[PDB]
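For chain C, the structure is supplied; the task is to place chains B and E with the ligands on it using the hints.
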Amino acid sequence: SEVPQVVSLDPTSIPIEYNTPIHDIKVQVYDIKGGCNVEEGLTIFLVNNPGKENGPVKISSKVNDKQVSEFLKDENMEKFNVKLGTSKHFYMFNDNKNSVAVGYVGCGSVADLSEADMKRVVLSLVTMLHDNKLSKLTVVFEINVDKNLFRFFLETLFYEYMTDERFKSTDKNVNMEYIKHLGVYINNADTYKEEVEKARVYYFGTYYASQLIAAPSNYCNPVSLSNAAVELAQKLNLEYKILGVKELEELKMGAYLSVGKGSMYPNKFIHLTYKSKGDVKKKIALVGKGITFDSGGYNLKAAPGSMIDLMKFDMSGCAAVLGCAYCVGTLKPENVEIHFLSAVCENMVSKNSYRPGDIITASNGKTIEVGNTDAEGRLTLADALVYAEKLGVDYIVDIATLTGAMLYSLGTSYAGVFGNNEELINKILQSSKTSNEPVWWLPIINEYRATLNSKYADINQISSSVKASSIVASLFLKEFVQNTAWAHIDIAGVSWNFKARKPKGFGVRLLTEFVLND
Amino acid sequence: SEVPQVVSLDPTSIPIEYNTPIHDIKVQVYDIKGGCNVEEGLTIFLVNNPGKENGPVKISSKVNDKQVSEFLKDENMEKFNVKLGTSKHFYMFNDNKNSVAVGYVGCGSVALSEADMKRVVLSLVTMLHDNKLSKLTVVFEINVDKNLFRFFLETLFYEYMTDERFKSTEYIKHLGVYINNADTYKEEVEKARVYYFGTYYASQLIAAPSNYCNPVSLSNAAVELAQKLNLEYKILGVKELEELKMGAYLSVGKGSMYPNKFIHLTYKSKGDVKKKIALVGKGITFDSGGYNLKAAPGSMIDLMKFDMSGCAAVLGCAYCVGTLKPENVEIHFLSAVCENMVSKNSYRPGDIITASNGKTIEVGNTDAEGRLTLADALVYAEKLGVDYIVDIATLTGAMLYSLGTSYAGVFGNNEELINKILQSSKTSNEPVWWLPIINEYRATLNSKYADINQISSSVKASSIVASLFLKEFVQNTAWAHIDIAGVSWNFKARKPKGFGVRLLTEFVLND
Amino acid sequence: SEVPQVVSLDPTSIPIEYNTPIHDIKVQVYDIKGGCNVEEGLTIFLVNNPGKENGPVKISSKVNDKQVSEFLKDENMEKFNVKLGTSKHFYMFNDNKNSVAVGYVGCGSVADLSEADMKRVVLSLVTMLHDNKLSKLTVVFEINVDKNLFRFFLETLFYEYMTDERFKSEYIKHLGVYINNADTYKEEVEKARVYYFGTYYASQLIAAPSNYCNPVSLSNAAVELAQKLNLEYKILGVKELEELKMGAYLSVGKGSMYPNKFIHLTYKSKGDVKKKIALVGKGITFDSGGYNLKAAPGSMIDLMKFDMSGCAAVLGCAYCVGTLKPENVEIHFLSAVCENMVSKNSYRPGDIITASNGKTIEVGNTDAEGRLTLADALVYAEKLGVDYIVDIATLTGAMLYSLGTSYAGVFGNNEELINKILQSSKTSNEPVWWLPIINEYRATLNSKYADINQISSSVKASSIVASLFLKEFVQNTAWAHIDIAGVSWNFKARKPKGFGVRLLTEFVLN
Ligand SMILES: O=C(NO)[C@H](NC(=O)[C@H]1[C@H]2C[C@@H]3C[C@@H](C[C@H]1C3)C2)c1ccc(-c2cc(F)c(F)c(F)c2)cc1
Ligand SMILES: O=C(NO)[C@H](NC(=O)[C@H]1[C@H]2C[C@@H]3C[C@@H](C[C@H]1C3)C2)c1ccc(-c2cc(F)c(F)c(F)c2)cc1
Ligand SMILES: O=C(NO)[C@H](NC(=O)[C@H]1[C@H]2C[C@@H]3C[C@@H](C[C@H]1C3)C2)c1ccc(-c2cc(F)c(F)c(F)c2)cc1
Ligand SMILES: [Zn+2]
Ligand SMILES: [Zn+2]
Ligand SMILES: [Zn+2]
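Protein chains in written order, with the deposited numbering: chain C, 86 to 603; chain B, 86 to 196, 198 to 255, 262 to 603; chain E, 86 to 254, 262 to 602.
This is chain C alone, in the form it adopts within the complex:
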């Protein structure tokens, strides 16, 4: 519980925003068939033009205002085209003699927007909300989207609109006003109304994960992060337990404890639980890799391109799981019991650190020969998986920033899923589809398993010959799941949004949809 400091200026907790400006936006959804009122703030039309690439803008909604309708006639709109991401602002006086702002965002010629397409549309919208003080935004859907796409639109709008300023001091943004109101006009509005607060919930789970991830390693360390988890748990009425180093010792988690040996922060193992009232038909363990900083240890990340300064991101898995805990504990699904786990620690260089060559002992009794101290994540997951399976659960799913190789196999958009069970793997892919968080199935190639045979220990931690690191790491983890359906989601390549210089909070929505659809 008590956070150790080297000097008194050292942070003793992670600053966390719960009540964001997003939560104070009133959202009303109207059915477009009754005509739009254009009275104030900024009103934006989402417009496409099927078949005609960069075709003209034609506004098809009924607008309950003559002056605004006059302005929006197709003769006046013909000069503008629907090229995806394009936008324009208009200015005019409505019938009540009040100035209003109107505009549109282009959605292209394909009548079916992908997640990536919709993200580009939301990002254009957000540029319109920035550097303009508005009290209200109104969005008019003149494209077709299903309920899942509609929620994704909101989540993405909320997340991208919110600005993280916890660590600004003298350099706040002086003109950062937020709208207080969001209006939405859409066909068959009644069926979309329920997606609003779900979106609001999914947004905060993501944003919450994002806050933890972006929080630097001095602020976010194993004690302060496990402290953050308790506090979250206390707010959602989840059972929680935090296992300290001595409880970890009696459980014999030598693989996990070895990784943390060189840190000034004691290892902390997070265990949150949500249980439905009534009959529990499904028991699930979600495991998140929680390395608050990864220097590589004695295999120091010193090589060019190793990006040691990003390595605060190595607890993204853990963050996704705690954000999932927020969503699950908030939306309170039935017929399920979910354990939220994370073996939280820091991989450091010290006289106390574990060394390359060290043979260590996992809690299932297997000896492991460390080949590289920078493959610390799989060692922590090993003990966490053994703990997970001892809970007697139906599914074990881990999510982790595990291997750099993901950048070379799938890149920055798709996470890879590996697993020992096809039904479980298809359930993740379905959740991938409905969370709109992209995932691709990659194989566990058993032919490589023999390169993990250690001459002295039971098993090698790393291969000395296979370069398919993401696959080898999956093989190693499989060795610690005895007889349970298990899946592994590697998010090393997708966790961090390099272009925006911020986390994505990737996985929160994937994991929650997974829980809900079960």
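Heads up, none of these hints are tricks.
Taking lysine-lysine and the DSSO-like style, the derived pairs with C-alpha atoms no more than 27 Å apart in a straight line are:
hint : chain 1 : residue 1 : chain 2 : residue 2
1    : B       : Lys326    : B       : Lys366
2    : C       : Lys584    : B       : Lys540
3    : E       : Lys173    : E       : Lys265
4    : B       : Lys386    : C       : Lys346
5    : E       : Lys540    : B       : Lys584
6    : E       : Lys518    : E       : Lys360
7    : E       : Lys552    : B       : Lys584
8    : E       : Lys563    : B       : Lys584
9    : B       : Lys512    : E       : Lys518
10   : C       : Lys518    : C       : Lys587
11   : E       : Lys173    : C       : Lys584
12   : E       : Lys587    : B       : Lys552
13   : E       : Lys164    : B       : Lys540
14   : E       : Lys182    : C       : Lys158
15   : C       : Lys168    : E       : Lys265
16   : C       : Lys587    : E       : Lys168
17   : E       : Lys151    : C       : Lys218
18   : C       : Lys257    : E       : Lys143
19   : B       : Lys386    : E       : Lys552
20   : E       : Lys151    : C       : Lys182
21   : B       : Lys563    : E       : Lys137
22   : B       : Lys540    : C       : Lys265
23   : E       : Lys168    : C       : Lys257
24   : C       : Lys257    : B       : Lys337
25   : B       : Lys168    : E       : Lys540
26   : B       : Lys563    : E       : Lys168
27   : E       : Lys265    : E       : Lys182
28   : E       : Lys158    : C       : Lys221
Since the hints were derived computationally from the structure, they do not count as laboratory data.
This is chains B and E with the ligands only, laid out in the frame that chain C set:
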């Protein structure tokens, strides 16, 4: 004050020689218009030959010994030339029928800059090595102004002196100089000897390895220097640094076994104080790189005891100024001393740390630690209420590629200050070149999360980016920044130069 | 003059656009007193807010349109801030029920913009231009600007607006500027349009890939340009170069399939010649590094079509000079053009070669080919009997570490000349900084076997060592050297800068 040790064999202070053999040299300046008495020791003529390529050696000076006069005849010296750096030894018997020794050092054709003179002195010094002599006599047959004559002496003393503090397993006693208008030059002699020691003192600290020279022992050394000079002094410990909120500077020091010690000396003139100056020195006693470990080929980790050269320069200057006692000024000598190490307690890449002026900083690379310590030292300096702040630092390796090993670079926010630094470079004979603070690059220091980024992810002109970083930590005071990373260590001679002591003292005195 | 080909599909000329849509834009300058008219197209106000960082937009100019005035009233514009480069533009109906777009570009909180600042402002302007179909841009200056900064604005606007599409498989026709004391600025317009093209032309040669822009085709371009400007011209081939004994220059080109070509254009004033000037551009069409191959990571071998950026700057200046026709001057535009390649015929590390002035040189690294070609170009320049020799060259990577991508370095043996280059830098708004030639380093070029070393094996101040090497080939003439290795390529925008054209022209003109 107490120096922590890991083993009982770890040193608890820096050995420092205050009274050097150079100090035991009696110096006499004579007018050459009165003739030379070549009787004892070794007598050397500094000869030129204006314009005439590698002209012959011509002895212009009058010599009060008939015998030597015969030897030094124009006929005898014609087979010798005046090539810059060349030398010959002469042996003879004088009018007294006593054995004497004579020779010359060639000074070339051009009637000499700093770099020229050095090669002259290194030739002289070679003659003083591997020959036991009780006195050296030097006859000028070249023309030097007063600043250049002092440079000759400073450089002679510095290169002659040999640092033996770390060895375990015959200096001359008199220096005679023959020069025209000798009376104008005499005043320069003890000024040179002071400048020599402030320089050699800076060299001692720098050359002292990091197990001898740590934040505690260096700051004890500063106190000991203050007490001997009767300077006022205050050493800030971790508790007061915490109270002063020096979060940037304390972050760098987190990983070390030696507590941070902030050095603050003050010289104040009696009478009316007209100019208040803060001199700030980078004082990293060892730079491992931290978690951005200096492990790349060419990063030269074994050199990094030198990373407190700025502090050395400032303390060296304190000796000079405390000795020469100028009027009308108050000088604050500052250095945020710490060690940058790898430890469970070290600061990490990515960390967000808060400076004493309230500014949050995203750390991009733990090896850019110099500018973090300077940030809080600069906030401190400006709070003193001064007119000028000059910092000097082994800040960026890029200096080697811009100016190389000869010229330091100065940056600043004030043209008048920069000119004064440049004018001081001229009279101190420590070359500096003015480099621009290019504001176009400032946008890359914008952090997504913190008030400011420590480093740029896209601009390769490191010296300028660092200068832009420091500028954020001076609000409304004339400031300049001397980057001595390239010029501080002499790779040829394998020793410090003590670069900047003379430069900063000339700046102080001239104001 | 005939371009050799490996296969029949290899290009044999560099495509050039001489007539550009910028040349068809009608530019009018109006005084701000009297009020602004807002009748069509896009009207942009350039606005700052002194002292108030990210402070609100305030429009002070009278606008002779009641609808647009309403839009520009204080209570509506303060919704926006003046943060440098920030923009907003809106479509509305004006008094005549005509659709006009009105907006602004934030010019920050500083009352006198720098060249980098103005560039950020223009980029924000061009974004709106590229994103709207427009017949007219009207720009209203509510910020302070001197004649040279006004011209620099137009120049940059034209350059950044222009899109180079030669290698791919609707611009405005009117530009209106409102500004106080409009009459003092009007003369800058056609000057800007000429400076723009010299820069754009230089841009075209640089961007042209090495299979397109080779020594033979680049010299052909220069002939074509000189013919269009009635400049005298002479292209030296290998036979003449051999007779002139240009051994350093020829050695660099040995490995290429393209023969060396030496460009020599000359402008002469109608009246008496009072000043003779030689401009010497480095012209390596492609630098593979030679046997010291650019294989090290970060050496950016795919960029090395830019290694003729100096020659390009020289030829753009020739366009400007031949067009504006300075008086009392004679100017020689020179470039020793070749290609540094790997082959059985290449020169080798360790080779000792003989420059045209008799100095033997020990090659230490074949990727230091630029100073080799410049040595013979400088000798050739001095044999002309000129008053100033000024060279411009992508010479040393180290410039990225000293000045970066914004400022070029200038080195020289003469302080009058350097202060002229410096002054030219100020009036052209092409930022340059004076760097020293440190003589203490000269000894590292003392070869054991040859007269001189091409490189130092010890000193790391490369841009200074190269300056020292080039100094050896200029005996008694005022000379300056502008290293543009760092500043020549706009990495952010993925295109050339045409850097140096305007700087060399201002030097020639003023
Ligand atoms: O340190 C790691 N996990 O704790 C992990 N290391 C690996 O994937 C490789 C490394 C370390 C090992 C030995 C061998 C195969 C495996 C294990 C090379 C890893 C994970 C992410 C990244 C990574 C690096 C980036 F630059 C980046 F932009 C990113 F998104 C991820 C790099 C290495
Ligand atoms: O450690 C330094 N300051 O505390 C400094 N480092 C840098 O300039 C690099 C480091 C820290 C930065 C981020 C990135 C680029 C820049 C700035 C790596 C630095 C200073 C001197 C030297 C240096 C190295 C030599 F081999 C040498 F001979 C010398 F004289 C100086 C190298 C790096
Ligand atoms: O090849 C060159 N000129 O023909 C030049 N080369 C060098 O400066 C190297 C060559 C020649 C020298 C000795 C040693 C180090 C230095 C100086 C190898 C040079 C010029 C531009 C660049 C360069 C590289 C970049 F990646 C880049 F973005 C840029 F703008 C310039 C790199 C090297
Ligand atoms: Zn790792
Ligand atoms: Zn460092
Ligand atoms: Zn080259």
